[PDB]
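Complex shown without one protein chain; remaining protein chains in place.
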Amino acid sequence: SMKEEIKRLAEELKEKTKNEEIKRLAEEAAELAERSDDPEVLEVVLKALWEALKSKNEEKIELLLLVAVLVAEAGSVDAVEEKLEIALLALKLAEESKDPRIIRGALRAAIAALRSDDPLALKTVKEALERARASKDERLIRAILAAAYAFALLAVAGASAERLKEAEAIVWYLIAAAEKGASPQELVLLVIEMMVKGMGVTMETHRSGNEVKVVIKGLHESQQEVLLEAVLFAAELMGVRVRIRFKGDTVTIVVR
Amino acid sequence: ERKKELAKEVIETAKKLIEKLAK
Partner (left out) sequence: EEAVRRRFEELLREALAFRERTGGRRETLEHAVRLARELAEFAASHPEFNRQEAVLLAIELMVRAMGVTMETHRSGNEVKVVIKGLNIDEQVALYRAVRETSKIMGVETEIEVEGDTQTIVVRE
């Protein structure tokens, strides 16, 4: 079968690269391909897998497998139009930029977005990708994608639709802040403030000595993981170094 | 209908980005 080749080439790729990121993505792409009975999606997965085996840049294998996972989630049976729209924006935006951080950020944001069937969430990342498609400011593009991915992580977590409603305004402020020329340090803080507000918890951000120190109490275990994923990805995307220290459900972040 | 349009648009663009990342 067309899925039989996908399983063979996917399992044959995990025994090649020694990056755990390649292992989880190639396996995830194959698993999504078994649901999709669309032969056109099975062709994109088979072409991306066969082209990723030949390439050995590893980071190119990442971006190639990212397209395989994204085009497979869109090929999921009974896919809403807006889902396919979000993917096209990310696929186009990845082709329209040379920074590998934008190609990864755009693809990963759309992948996490299609995970949740939340219509308020699908529109927040869709309008965000449209705005990044127009501007050429790389920092603005990365901030829009970092906010779209963090917003998607809140929706995948399954927070209240009211909580996501508040988080939407934080995304709008975040995209506007990068439009006004905000620093990369302060934009990450806006990403953090969207997480604490979208999960119904309180914060206590401090600031003294050219180093913002945001402490957050009340976060449960699962909430600290969703915070850690969004804050880390946004930190790597914006390009700033942060420290996320844990101690009895009191996360403390140090940006600089 | 338009879902069939965006269906082709996602599949074509995906195969175009794959070729761009390959070279």
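For this structure, a couple of remarks:
First chain written, first letter: the chains are A and B, and each begins at residue 1.
Everything that follows uses one rule, which is that a contact is a pair of C-beta atoms (placed from the backbone, for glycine too) under 8 Å apart; a residue touches a chain by one contact, two chains touch by 3 or more.
Taking every chain of the complex into account, the chain not shown here touches A.
Within the complete assembly, residues 11, 14-15, 18, 20-21, 23-24, 26-28, 221, 224-225, 228-229, 232-233, 235-236, 241-247 of chain A touch the chain that is not shown.
Please note the rule applied: only the chains that are shown with their structure count from here on.
Centre-to-centre, using mean CA coordinates, chain A is 20 Å away from chain B. Interface of chain A with chain B (complex): residues 40-41, 43-44, 47-48, 51, 54-55, 60, 63-64, 67, 70-71, 74, 81, 84-85, 87-88, 91-92, 94-95, 103.
On the side of chain B, the complex with chain A involves touching residues 2-3, 6-7, 9-11, 13-22.
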